[PDB]
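Asks: Take the given structure of chain A and dock chains B, C, D, E, F, G, H and I with the ligand to it, following the hints.
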Amino acid sequence: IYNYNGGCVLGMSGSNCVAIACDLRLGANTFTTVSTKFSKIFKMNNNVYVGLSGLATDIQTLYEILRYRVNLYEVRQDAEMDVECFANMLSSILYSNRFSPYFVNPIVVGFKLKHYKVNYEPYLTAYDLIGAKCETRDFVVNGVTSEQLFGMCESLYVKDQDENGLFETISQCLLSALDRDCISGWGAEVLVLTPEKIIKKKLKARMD
Amino acid sequence: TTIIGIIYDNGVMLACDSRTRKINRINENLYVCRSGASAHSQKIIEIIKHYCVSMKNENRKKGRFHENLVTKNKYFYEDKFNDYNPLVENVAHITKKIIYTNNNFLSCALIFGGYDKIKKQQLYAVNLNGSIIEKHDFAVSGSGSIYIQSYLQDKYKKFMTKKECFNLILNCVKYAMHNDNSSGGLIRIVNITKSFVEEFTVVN
Amino acid sequence: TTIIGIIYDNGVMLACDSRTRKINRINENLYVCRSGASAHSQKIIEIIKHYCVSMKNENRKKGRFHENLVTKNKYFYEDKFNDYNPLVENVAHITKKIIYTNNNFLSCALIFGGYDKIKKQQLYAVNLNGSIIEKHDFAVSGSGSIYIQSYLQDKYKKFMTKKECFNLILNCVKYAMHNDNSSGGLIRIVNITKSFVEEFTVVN
Amino acid sequence: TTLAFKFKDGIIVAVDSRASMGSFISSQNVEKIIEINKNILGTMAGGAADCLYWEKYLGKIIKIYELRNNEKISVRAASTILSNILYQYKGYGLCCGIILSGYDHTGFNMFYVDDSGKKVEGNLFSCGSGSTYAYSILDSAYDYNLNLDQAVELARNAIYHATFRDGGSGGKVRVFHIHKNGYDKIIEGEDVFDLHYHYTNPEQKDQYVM
Amino acid sequence: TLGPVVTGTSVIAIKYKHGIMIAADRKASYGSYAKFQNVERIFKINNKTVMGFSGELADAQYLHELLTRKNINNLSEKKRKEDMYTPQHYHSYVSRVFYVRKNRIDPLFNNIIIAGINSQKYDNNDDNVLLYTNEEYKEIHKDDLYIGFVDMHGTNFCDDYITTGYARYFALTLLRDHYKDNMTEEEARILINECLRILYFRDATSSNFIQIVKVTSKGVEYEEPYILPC
Amino acid sequence: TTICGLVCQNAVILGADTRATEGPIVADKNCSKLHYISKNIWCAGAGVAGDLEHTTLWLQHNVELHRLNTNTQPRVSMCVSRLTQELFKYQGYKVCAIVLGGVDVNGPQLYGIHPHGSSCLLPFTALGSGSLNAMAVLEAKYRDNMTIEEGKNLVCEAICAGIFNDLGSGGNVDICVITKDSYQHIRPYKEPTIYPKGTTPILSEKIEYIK
Amino acid sequence: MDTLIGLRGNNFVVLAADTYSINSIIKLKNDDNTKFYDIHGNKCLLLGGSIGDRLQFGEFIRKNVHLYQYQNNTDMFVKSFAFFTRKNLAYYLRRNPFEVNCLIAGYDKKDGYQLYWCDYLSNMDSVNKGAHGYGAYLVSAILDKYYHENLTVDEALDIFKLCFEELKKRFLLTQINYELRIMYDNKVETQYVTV
Amino acid sequence: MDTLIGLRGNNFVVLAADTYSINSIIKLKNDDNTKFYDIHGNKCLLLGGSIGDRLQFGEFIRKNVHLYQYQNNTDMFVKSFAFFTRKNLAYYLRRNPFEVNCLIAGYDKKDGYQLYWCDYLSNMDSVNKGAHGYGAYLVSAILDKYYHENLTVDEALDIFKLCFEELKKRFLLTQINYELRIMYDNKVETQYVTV
Amino acid sequence: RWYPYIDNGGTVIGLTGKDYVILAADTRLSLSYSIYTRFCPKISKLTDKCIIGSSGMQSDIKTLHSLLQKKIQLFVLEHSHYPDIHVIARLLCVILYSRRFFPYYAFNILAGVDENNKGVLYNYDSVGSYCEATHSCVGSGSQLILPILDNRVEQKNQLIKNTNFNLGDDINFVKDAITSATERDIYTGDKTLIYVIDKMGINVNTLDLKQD
Ligand SMILES: *C(=O)[C@H]1N[C@@](C)(CO)[C@](O)([C@H](Cc2ccc(F)cc2F)NC(=O)[C@H](Cc2ccc(F)cc2)NC(=O)[C@@H](CC(=O)N(CC)CC)NC(=O)CCCCC)O[C@H]1C
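Chains as they are written, first to last, in our numbering: chain A, 1 to 208; chain B, 1 to 204; chain C, 1 to 204; chain D, 1 to 210; chain E, 1 to 230; chain F, 1 to 211; chain G, 1 to 195; chain H, 1 to 195; chain I, 1 to 212.
For reference, chain A alone in the conformation it holds in the complex:
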């Protein structure tokens, strides 16, 4: 069922710098694509991002459900929402349809604020199609192309890293993973968030 609209997402961490990336394919009947702009990354808060991989309708439906819940939370509390709270709420939503579930394997990527000045701690985690959370503290990968990404990251991860080197690392890992999957690819985007700014870049991938 995940061969229908195959996709992949990825996210790494570094020294006061975090990265998230995805492929831009939308499939139909497995072996014929229809679009090269379907971004699996969705901005949700000023320092929280979420990567949804799986069936496209379930990706979109889960995006609107989470956007509803999020914007409700910032409007009532009148303050910015935390990554852990969003992760727990996402796990509850995926569990709430434990039977007949959303066929989506999401991830969460963002920053953790520790007020005292303020320190931005990286945060990354991944989920099954039910909400099997597992904190990882380094590279997090999820999708049909997950095995190739797991293979690439350990060879290419260098612990904490500069944001430029992080972009090179995550870009090479994603491009080498997507080239070895037939139903995943067709371009890529790499979002590198920092406290000062976010850099969004698209890669000259084997989109063909």
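In short, the hints are calculated from the structure, not lab data.
Listed below are the simulated DSS-like cross-link pairs for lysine-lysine, each with C-alpha atoms no more than 25 Å apart in a straight line:
#1 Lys110(G) - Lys43(A)
#2 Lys201(A) - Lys156(I)
#3 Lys174(B) - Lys135(C)
#4 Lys202(A) - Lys206(F)
#5 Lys27(H) - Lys168(G)
#6 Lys206(F) - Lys200(A)
#7 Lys201(A) - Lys161(I)
#8 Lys79(G) - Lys43(A)
#9 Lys141(F) - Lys180(E)
#10 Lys169(G) - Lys8(D)
#11 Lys174(B) - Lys158(C)
#12 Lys211(F) - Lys201(A)
#13 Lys96(B) - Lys89(F)
#14 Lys163(C) - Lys155(B)
#15 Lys168(G) - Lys168(H)
#16 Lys157(C) - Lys174(B)
#17 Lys161(H) - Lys27(G)
#18 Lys157(B) - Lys157(C)
#19 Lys174(C) - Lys135(B)
#20 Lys112(A) - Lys211(F)
#21 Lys205(D) - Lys37(A)
#22 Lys211(F) - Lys200(A)
#23 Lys191(I) - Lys190(F)
#24 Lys157(B) - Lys174(C)
#25 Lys49(B) - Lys89(F)
#26 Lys29(F) - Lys210(I)
#27 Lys97(B) - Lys89(F)
#28 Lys197(F) - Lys161(I)
#29 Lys174(C) - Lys158(B)
#30 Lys206(F) - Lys37(A)
#31 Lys205(D) - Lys197(A)
#32 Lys161(H) - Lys29(G)
Replies: Positioned in the frame of chain A, the structure of chains B, C, D, E, F, G, H and I with the ligand alone reads:
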């Protein structure tokens, strides 16, 4: 799983294996030995204990009236004369109702044992589905009891002593453990009498 | 179907039920009691009788040597000293071969009984598939023998008399008939000894 | 995705280079065109081992026939032999898909052969997952009496667009040219990456949208 | 041939100084009935080789006739002690038989161990062989010993300790925790008894009436069966 | 996955590995199977990790509410009852087998929960793919009334035996000690290529400074 | 089965679909009108699948969008129309499935001329061009080949003519008759083609 | 799938069939030649079904009939050809089935102009007229309506033109191109039609 | 109702150079979720300048390797010269396709050095298709290592580039790859054998990996 129950003189005995505590204390004068699926049996054991506490509270009158190792425990009854302890026919028949209404899922053969003032020592056999039969001689259930059916038929007497039934039920469960493959561990035995109940286990 | 075989002193006994003649005479010193499917068992009984006649002719030396109702028949052996009667190990092992090579279809548990000069009274148990085990104490097969497994274990002695084994096997098959549902009719019993074989049936 | 069409200066044959075990590609470079004879080629599709083994077997039998009779075989005879032997293994699991093309005494000829003994003669064929896209682009822009340069450009673009909407197809393009005196390899292997960023996205600014 | 009916439990085989030690419970279970509690599950092919068994009994018996009669044919064309076939020969033979039956799809529902001594420089038993009817032990190098395994699918290997059945979880764990090299007979028998005790306490299909066999310079020694101490 | 539990001298010790699998591959190398129910009750289990996480959070917060309402120390039998009703109501499809342990007023007592809603108090148990490897050496070495150090060493005997043996289990070994007063959670108990700048190609870039 | 084609560029949009009412092995008609659904305002919905499913879904979506526009007295945005159709299709997919493809198109002041692909499992995303049915295989690569930026409506109609010629020549159902629906310069023009 | 039509009357015989080489959802060609099998003498065999089955069966039957005629030095009778084809088809049906329809036709001195229907299960019988495939439903009643005794070849071709127009207009596979095979006055004339 | 196919599991890594070929493989045998032994080499030497590695069913690879060695020895006996690696590759292709309908559960890699001192590497499927390569991997971990080899050898999606590669760096890269596979896959192994082939014969080393 092997399950055996025998009526002897002024009392009643029960037995099991320990392989997967199969005897469960619903009440002081009322014990039940479980066979079949563990989860199904434990759920209905929780529910029947709930119902027993309900009727035991409900049937209470208002005012004053009546003015190897054989490691064993003894528990004398708190209620003398069986004033408010429920009847084993009642608990067995509501158990029959519960299994019958949910017989599509519930698959567990239960055998009941207790003492009542009205009808003395009793032994009720709840089968698969909602079938209940009062056994005046003996009751059997589980895979391991299949092999000792003729042994019990041969060596049973009408009015047996406590020691006779002790040795007979112990050798019965030992032979079932020896023959049957899915039964083992220490043997548990419970003797229920007019005025007390004594729990004793055998490690052989 | 219930099938029982017991080794006692200077002899061996067999038993069956009559419900669907389960004992079959392969040879004078060799009887076999059939359990399982009727057609499969009867086909292999025809084939094993064919093989027994073949080896019985073949092993013959050249020249001169050695210069309720208990209605019963007796058949003294024609061959004294077991000069040319085949061995029960041989017939049982070719039977094992036949069931093993056709175990995909053949489903029949056979128990063999006979007397041999080399190894005296013997009792071989051919199971489902090609599994053969020599039972020195007793052998069992059929649905009705499942219930008397502990009874036989309890009341068996090492060196039993003819009358002891007679009463034990008769009560064994009677209890199996009483418990088991698919066994009944007159009981057939065959006693095989060093120098004779006697067939007797019980209608109780 | 295989490709073959007939024009003034012979036959042009084009193939991809991908190889899939399902959702995962085994190898990005392969060779789907075999020199069955000096004057005959054959594409490859479907089950890789089946088609490879059977074109090599057919090449063996062709060497037998030519060496005995001392006469070059026709494409019709090789196609008939292939369809006959593949029909013997009908209902067994073969998925051979073949386009046989070459020059013989009759002239330039082309045949399509399948696992079901589907011998079909023609002048334009394509087998694979991306067969429909190549058929569409050729029949939009295929003509007789066009130059060889236009023919290789058309075949390369058709293979590109077949790879564009087919994950199964990809890798590199291998365009061969068959003529009277054998054949020549116009494009031994050329990456589809620079092909895309020449054809559809000549300017390397912003992701291409479709 | 179509499925298991009468099943044995498990066997354990370990090599030590002076030979190897192989143990098995004498029981064959008819499902959940335990019909037979005295069955010979460890067999002998010749001196310096034995055959293990955990599975369907008919297939083990068929393999027993094949292996022992292959040894008979070996003896019938023997002229010197070195001409006797090694455990590697028989292990390869069983592996080929299992592979052929797998390819035909008519498998044997068994998991065999073949083990013994693949050398002749330690005893002179095989120069004059004694099939029917029948000093100090000589220490044997582990390289000259051999223990093998054969799966339903024909999978095979060799190691210093091999177990089948449920012993591949319990007893293999105890061996990987505690197995040393060149342990005496007492330590090896203690380890085997501990593993079989753990199996008896957590395996229905097993039992305590254990058979123990040794393969040393003196030859195959079927000791008296013993009930486990527990 | 490998889980274990143990009853000791007036204490309970739980143990588990730190690895989770998404098929024949490994996702997390330092996972946390041990989970906090109460200050004197802990748990760990094997199955679908989403079911384990949600059911454990539900049990944790329900126990917290029950403690706040009653103002009495939480009890392990209550947690067993809630879990057994929860798994029995949902027909056993929530495959989550849990090793429950705690120290209530009735002394230490370990419990083993199964998918179908059955339960059984045991002195020791193990669950998961690598259960048998661990619990063999447990019953080999288990004794009544140990010291706490002997219990922790045996727990590393079980979980380190299962890590070395089972393929579905691995990584670090977790230990948690539960007591009538206080607890201890030893998370790491035992613990047995840069590219140049501009290497990758791009075709778009857009910097958005954050307010 | 039912071929739908769609193309979008600067200052135009084109939709197209065969005109055939299939029942079993025959045609009820060669001039079907059950596939296109004109919405009030510069909007349209083209459906493909079983006749009853597209009838119920298209009428339901059209008349609810009309209800929104009449109650609110404003023209619904095209993006809202597309995502509302997707949400309705996904909701009905989970309970009472509608095996029906979609091609949402329209014009908006804020987004301009735009098109949306959508599958029978509500697999929706914006595209410049797309197709549905088995004929999507035989026309989509043509649309890749001859589409370029700053296109015109006449060039688009030439591309559609090429696609119709290909569907007549090579596709198994040699579809001859088609109906088009052009949106440009705040007009909605319909054409009928027979290659 | 593959439409075959046949008509027989006094002093003529006509066969007809679509020219299409279907593979999956496309056409390999619009000018197929794998359906008709000319036999030496005034005989023919028209097959319909999968391409490989009709290729193997038609070549086998044709080349065996040629073998009979060369060995025996005489023209095989049409009835013998039809029943031999039926027996071969039935024999192969019982072992290695050939999912292929048939329409045997020819001319004989003793029987005259005659035609034989035959199904894929070798359900054979002489007829004045018949058809095969899903298109047999949409053309057989026309053939009943406009057939009469003492017909001519031109009237028959008009009937075939009506059937082709019906298959183009109403049948799901709107088949345009067809190939005919007329037997009359000891000639075998072939025609190609595009309605 | 018996399926004659089990994935014992493993991985075999291969890499080439100008005048050498490096092939590495595990030394673990296993079942679904349990390990038989910690030492089971899957690499079998065929000739003086050729080896073969595999993954899948242990019995099938053993039978295939011993059969191929039988055919090679018979070839040397009949023809009085050792066979080339291309000859062995075509022979293994024909052997695999002989069992087309009951295929070997064996994903093979055939390494060696041609007569012109060129390190070749052929990679196979279960049925018989084969193609020369400069890098390949098979088994359970094939999806893990194959992108890494594509990054290192082919080195596409890069601009600066570096083709300066030698024997020691290639060996160290193979050690890094097999270690990463051992961390990131459960069937991989605990000890691995790095076979290296050169014009001056064959050398074999051993390396110790994680035991989990
Ligand atoms: C064009 O459309 C294009 N599509 C693909 C690439 C799609 O796979 C393919 O069909 C390709 C053929 C091919 C590949 C390599 C090669 F050297 C020659 C060749 F002709 N098809 C495939 O590779 C198989 C997919 C398949 C299709 C239909 C079927 F009925 C079954 C399978 N895949 C393989 O052959 C694969 C293993 C295999 O044999 N399988 C799948 C398990 C069937 C038993 N073998 C390889 O990929 C190469 C060997 C391994 C290298 C490490 O070609 C054209 C049509």
